[PDB]
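**Q** The primary structure of each chain is shown beneath.
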Amino acid sequence: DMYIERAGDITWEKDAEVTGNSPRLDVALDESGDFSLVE
Amino acid sequence: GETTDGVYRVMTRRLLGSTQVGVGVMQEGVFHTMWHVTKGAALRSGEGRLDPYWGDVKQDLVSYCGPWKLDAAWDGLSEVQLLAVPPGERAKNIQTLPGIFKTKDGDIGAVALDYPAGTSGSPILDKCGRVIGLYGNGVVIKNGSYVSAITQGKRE
Ligand SMILES: CC(C)Nc1nc2ccc(C(=O)Nc3c[nH]c(C(N)=O)c3)cc2[nH]1
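Taken in sequence, the protein lines are chains A and B. All the letters of the first sequence, read from the start, carry residue numbers 1418 to 1456 under UniProt numbering. All the letters of the second sequence, read from the start, carry residue numbers 1514 to 1669 under UniProt numbering.
Any given hint could turn out to be false.
Chain B regions said to be covered by chain A (calculated; three or more residues, Cβ under 8 Å) [claimed, not checked]:
1. 1528-1537
2. 1578-1590
3. 1630-1641
Calculated pairs, DSS-like style, for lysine-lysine (alpha carbon to alpha carbon, straight line, at most 25 Å) [unchecked claim]:
4. B:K1667 x B:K1617
5. B:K1667 x B:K1615
6. A:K1431 x B:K1605
7. B:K1571 x B:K1605
8. A:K1431 x B:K1640
9. B:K1582 x B:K1552
Just so you know, the hints here were simulated from the structure itself, not pulled from any lab data. Note that the Cβ used here is the ideal one computed from N, Cα and C, for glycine as well.
Work the whole structure out from these sequences, hints included.
**A** The structure is reproduced here in C-alpha cells:
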C-alpha cells in the first residue's frame, strides 16, 4: 500500500547550487511511455 | 488527509522497511505524480484515501482527487530549478539550463540531472515558482548518465 508524506514548499531558491549541462538529443517515445535514443 | 500545497514523498511498506518509490505535487487539492511511480494505484494520506482521477501511460502522468492542474511551460530560454526530493534526504533545489528532447512530434525541454528512480515525480519550477513539469521519465546517454524530460500535463 502506498502513502504520501509532506517534504516541503514549492519555491524558487535564490543562489541555489547550479549544475548540469543542456544536451540536444534525438529521441523516440513508444506506446508504453518509454523514451529511447535515436542515433 | 493532509491536503496542503507542496511537494510530497510517495512511500511503500511492501518491501524491506519503508521505501520511497517516487515524489508528487499537491496543488489545488489535486495530487500530481508520474504514472510509473504508483502504476495508477490508490494512495493513503494519513487516515485518508486518494483515488486516481486521470492517467495516461504514454504521457507517464497521473492525477488524484481531480483533474491535472499544472499548466506552466518552460519558456525555451531561462534556467529552471529541479526541486529534488531524494530517498532518505532533504528536499533540495538544483538550478540548471534545460537541454532538448527532439521528437517526431515536437521538442520538449529536458534536465540533465541524475537522481535515483525514487526521485521520480520531483517538480521542475520557473522563476515565479510555478511547476513547469515533473522529473523522472527519460533516457540513458553514452556516458551512462540519466537525462530526464520536463514532463507536463494538460489543464482542461
Ligand atoms: C543509473 C542512472 C542512469 N540514474 C537514473 N536515474 C533515474 C531516474 C529514473 C529512472 C526510471 O527508471 N524512470 C522510469 C521508469 N519507468 C518509466 C516509464 N516511463 O515507465 C520511467 C531511471 C533512472 N536511472
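**Q** Residue count check for the region 1578-1590 of chain B against chain A: does it reach three with CB-CB under 8 Å?
**A** Result for this restraint: violated, n = 0.
**Q** Between B:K1667 and B:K1615, does the CA-CA distance stay at or below 25 Å?
**A** holds (20 Å)
**Q** For the pair supplied as a hint, A:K1431 and B:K1640, confirm whether the alpha-carbon distance does not exceed 25 Å.
**A** holds (9 Å)
**Q** Tell me if the straight-line CA distance from B:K1571 to B:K1605 falls inside 25 Å.
**A** violated (29 Å)
**Q** Mind checking, does the region 1630-1641 of chain B have 3 or more residues with a CB under 8 Å from chain A?
**A** Check passed, 5 qualifying residues.
**Q** Is the straight-line distance between the alpha-carbon of A:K1431 and that of B:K1605 25 Å or less?
**A** holds (12 Å)
**Q** Just to be careful, I want the Cα atoms of B:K1582 and B:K1552 compared with a cutoff of 25 Å; is the pair within it?
**A** holds (20 Å)
**Q** Would you check chain A against the region 1528-1537 of chain B, counting CB to CB pairs closer than 8 Å, and say if three or more residues qualify?
**A** holds (count 3)
**Q** B:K1667 and B:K1617: Cα distance at most 25 Å?
**A** Holds, at roughly 20 Å.
Of the numbered hints listed earlier, those contradicted by the structure are 2, 7.
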